[PDB]
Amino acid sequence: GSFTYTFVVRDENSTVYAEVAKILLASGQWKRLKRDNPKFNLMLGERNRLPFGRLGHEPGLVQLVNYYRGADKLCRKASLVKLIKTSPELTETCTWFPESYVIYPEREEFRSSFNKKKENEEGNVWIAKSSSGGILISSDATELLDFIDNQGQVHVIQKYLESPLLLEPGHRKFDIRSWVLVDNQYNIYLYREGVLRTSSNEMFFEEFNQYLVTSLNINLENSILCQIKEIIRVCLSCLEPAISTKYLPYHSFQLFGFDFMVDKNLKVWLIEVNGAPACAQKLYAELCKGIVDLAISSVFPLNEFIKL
């Protein structure tokens, strides 16, 4: 063994990949080339518009890139809503996806679903946000559509979470960020350390469990984490056929940021998936060292996480 693999960095602003790069030059087995040098083993590409087309064309060079072409399908709200509606064993089993509708500046089922709820006298407050975009949280259909026509960005209206689980003594809402790594072979690895972002400000799984227990008859693994694993798995297993690199001339892996919400019933809902998530300062090192361990050296060996 004992080789020297190469790599280019096309995304300077990525803290997660600037960190991976420092660990790559650390191994003393990696050499960073020039931005436009075509002879790399690894490419830590740019967030948007990455030149996938020019990969794997240098004969003899096995190439790996830190992005899965077409993964924005799962990372763009509008696309995410559509990917679920179509999907057979998903749209009818998605008890974890908020009721969503895409509107360009559809809109048909929205009303037929807004009214029903009006005539059944139940929670009927929605939220308006952009797919690649700035949000509005009203309760009147027209008080939203007419607002999505002005902005002109093709948003989606989602059933807002009215009864969210809170955190005392500050009594404040939160969301959970989960890290998932998908290697070149399509193994789904979930980083054990998650993170909670609260309002009016951050709490790791550690502190979060000494709360879901010392003030409730349940554990973090038995209530939320369990559900989180199921949603991640479903979403990625559903996306695979549209992004598999099985028959492509290069390999790819990607780190995803899954963001969730929990209501009072202790139910977990998917809020969104982030294709280029940053990290929490305390985790970078352990996280990034895991990306080189599982997604990089697993392809380019050197001298010497929960798998869903």
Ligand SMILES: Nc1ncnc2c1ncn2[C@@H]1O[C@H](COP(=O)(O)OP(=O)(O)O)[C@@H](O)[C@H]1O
Given for the second form:
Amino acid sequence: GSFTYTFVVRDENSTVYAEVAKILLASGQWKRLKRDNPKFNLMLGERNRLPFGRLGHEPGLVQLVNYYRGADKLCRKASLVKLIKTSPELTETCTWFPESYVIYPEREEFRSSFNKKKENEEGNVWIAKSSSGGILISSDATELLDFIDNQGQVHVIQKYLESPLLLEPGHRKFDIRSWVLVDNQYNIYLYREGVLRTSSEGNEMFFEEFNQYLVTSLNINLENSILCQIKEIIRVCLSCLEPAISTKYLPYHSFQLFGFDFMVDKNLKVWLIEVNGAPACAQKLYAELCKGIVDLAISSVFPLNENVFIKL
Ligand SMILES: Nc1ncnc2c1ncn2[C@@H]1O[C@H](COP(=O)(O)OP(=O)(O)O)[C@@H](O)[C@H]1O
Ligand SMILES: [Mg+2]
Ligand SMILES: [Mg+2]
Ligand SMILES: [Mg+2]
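What's the form deposited with adenosine-5'-diphosphate bound like, now that we've got the form deposited without adenosine-5'-diphosphate?
Complete assembly follows, chain above in first position.
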């Protein structure tokens, strides 16, 4: 026992891996090195284009990284579509994902699906969204398709939620931000603490005070409706990704923290918005969280001398 693991940091802008590098030395079993020192057990790397090529080569050196190469395939708005449209065991069972299309600055099935709604009298309000980049919430197809060419960024038109479930007082809108960790073995872990971001119609609601509104103002509960469904979309998007990201054969390990973003309507339904690959958190959590990313994700590979997570 009593080993001394190494590690480097190639992303300092990251507040989440800034807090871990702190808890890391917080056990004196670790030691940071130079940004370009190959001799590492762990690498807290950059948000974009991480050099997964120089990993696994050092002999007798096992390396864990905080990103799963290719999980951008779930974090790219665009790619998020291609992925669900492709996936057979999903495209059918997919009722929680706004019909979206990627217009090449497709666009065909767009209008074709736009008319069918204009000709059946019903909501026909969409929203234009950028890949990694501006947005627009229109109803005139052409007033959009002719607006994604002025951007030249390849966007995605998505069904806008006309009937959102609001909050009282203030009668404001909101979205929930989950937090999922996936270690080297591939065990999903949902951090019990989520967070609501709201506006005027903003604050920051927490699962405790939020579950309040869902009963003493409403007729239901936080897990008897929402959590049940969230714990599914998540489980499904990841299980559909497992094949293209499994490091089961590469010469190194990797884990990652994802940030799911959902929306609920008056019908009480839950929809998925986006998934974040390098999501940050809330200042009242950076502590209880970052400790998990080391308890569950890190020390699971590199041992040490010696209720917050759900495994889907
Ligand atoms: N499909 C949608 N329907 C209704 N509202 C949406 C939809 N997608 C996103 N939103 C709203 O947009 C907000 C998020 O904007 P955001 O994604 O943070 O812009 P950006 O991606 O540039 O940071 C959320 O609060 C949510 O209410
Ligand atoms: Mg990887
Ligand atoms: Mg990560
Ligand atoms: Mg192991």
